[PDB]
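Before any questions on how it binds or moves, here is one chain, the form deposited without its partner chain, in structure tokens.
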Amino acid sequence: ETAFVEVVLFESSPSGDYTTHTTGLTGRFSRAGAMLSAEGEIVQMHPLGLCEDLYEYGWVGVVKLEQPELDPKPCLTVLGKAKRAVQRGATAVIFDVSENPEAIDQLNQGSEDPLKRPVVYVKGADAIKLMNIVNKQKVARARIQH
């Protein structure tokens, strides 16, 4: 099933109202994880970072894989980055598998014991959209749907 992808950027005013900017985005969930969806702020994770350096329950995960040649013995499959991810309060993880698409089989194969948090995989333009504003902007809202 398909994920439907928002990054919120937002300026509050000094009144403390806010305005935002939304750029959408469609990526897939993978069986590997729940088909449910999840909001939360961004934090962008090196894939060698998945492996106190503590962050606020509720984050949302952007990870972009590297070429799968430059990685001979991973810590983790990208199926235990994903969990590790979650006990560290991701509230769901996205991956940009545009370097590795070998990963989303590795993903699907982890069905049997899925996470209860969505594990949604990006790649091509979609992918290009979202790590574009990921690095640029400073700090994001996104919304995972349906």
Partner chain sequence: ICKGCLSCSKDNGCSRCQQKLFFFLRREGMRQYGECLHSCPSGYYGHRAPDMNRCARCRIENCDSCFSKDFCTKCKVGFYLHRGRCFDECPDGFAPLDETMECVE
The other form holds:
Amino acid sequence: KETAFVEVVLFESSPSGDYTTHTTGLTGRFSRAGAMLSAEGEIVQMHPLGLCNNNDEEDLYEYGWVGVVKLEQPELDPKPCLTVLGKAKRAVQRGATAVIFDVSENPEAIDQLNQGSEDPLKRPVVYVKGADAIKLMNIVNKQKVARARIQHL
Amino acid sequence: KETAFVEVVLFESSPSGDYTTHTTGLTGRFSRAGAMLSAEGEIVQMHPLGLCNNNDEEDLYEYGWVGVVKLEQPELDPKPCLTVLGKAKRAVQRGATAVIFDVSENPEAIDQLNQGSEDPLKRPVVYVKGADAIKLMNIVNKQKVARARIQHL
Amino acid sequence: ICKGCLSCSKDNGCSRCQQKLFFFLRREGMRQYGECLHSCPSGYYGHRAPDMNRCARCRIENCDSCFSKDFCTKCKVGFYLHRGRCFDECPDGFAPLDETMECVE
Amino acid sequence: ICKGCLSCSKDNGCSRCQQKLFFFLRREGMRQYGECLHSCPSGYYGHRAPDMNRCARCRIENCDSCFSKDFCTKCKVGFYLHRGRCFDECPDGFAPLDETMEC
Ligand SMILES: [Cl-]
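Here we have the form deposited without its partner chain; I need the corresponding form deposited with its partner chain bound.
Let's see the whole complex now, leading with the same chain.
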């Protein structure tokens, strides 16, 4: 409903003890699947298939991570463990402080994301697409660590 | 200037990797020593005699933390290494994504902060007092880890 | 050449594995991708799941291979196998075979 | 109430150590409070900062006690100190003296 302002911060622990940082910028939108709140955290990508309730025991992640999830072309998983919605819930349940789907491959997620506005999650859910989506994955793909900063103006 | 809405958040992970959370809410004000932004991170208490640029070097902190700094009666730190503003700049530097001052036993600090002779940091500098302060410290004092979430509205 | 997958990509690696192959989430730093595996790496085993054939953790501490979550079949390098579990030093009344890394009487 | 201390606090432990002793920021999770010691702990050393006399980290790794940021009197248990440095297993050129754990 409102535009989400994503700042992707790259940092380096300088030897002086201090930290230097390189901010990148993007925009996406808040899904009504989730709260209209700002958030921030160490970015973690998740494979969409990593987000199944199916697994009895999974990997642990430190609490507070900003998930990042590249959705796939609809026709490449015939039936998922869960719906996009469902998966955000997993994320949040697994300690996600927010979730950011790169929606480029599949828009319908959007209509499926905003479909559960009745029972919204504690925490923001956001999508991105297009060049804004590409930049995200360029950082997520080539860098070691990056902190995400989502603001609700 | 503005009111700053802080959620301190305790968290535990069940052995499936799922996270349950306890969230305490407080209130404070954004300072004009710091930008007017929301921000969230793991909390790190800093003794105020721990924020001097003086020493050759200090211990390193993982980037993006939220500094929480209980000031003491000024007589108990009569000639301070830098200004409270100055100690805010020193935490950002060392990676803080935001700073929170319990100025309860030193409102003079309140007044120093808002009329900055020193240019304003590009991260939030919030301050608290009374119950809000008290609340914050009860958590910080008695727990091992907590995430903060400061929110501008 | 993302290998062993029906579906695939630069951003998620492999996906929805081919045939009977086993799906395995690898992680390096933030990044995470799919792999359509033949014989899962140390700590994991081919498990036949609801979603798909996927690779799972071998419960037993210090273990390299399982046939099931809770029984180790090849212990890891350094360690001795005994009754499902994995040991650094074989338990009281038991003696080592450095050859088989097994454990005896 | 507090040991070695002029001023005190629930939240910040010792503040402004009595000058005779040394000031040690100690860390427990997210907590950091002043402690006021006889003598600094493993890896720190007495030092007179402008504002006060505070334990500080020996620049030298593994080295239990200092006289200077970079010169190191003793190396921690299972280690060998000479000419300021400290090495795991006494380096070629000399011979260990495990009674003095020298090199
Ligand atoms: Cl964090």
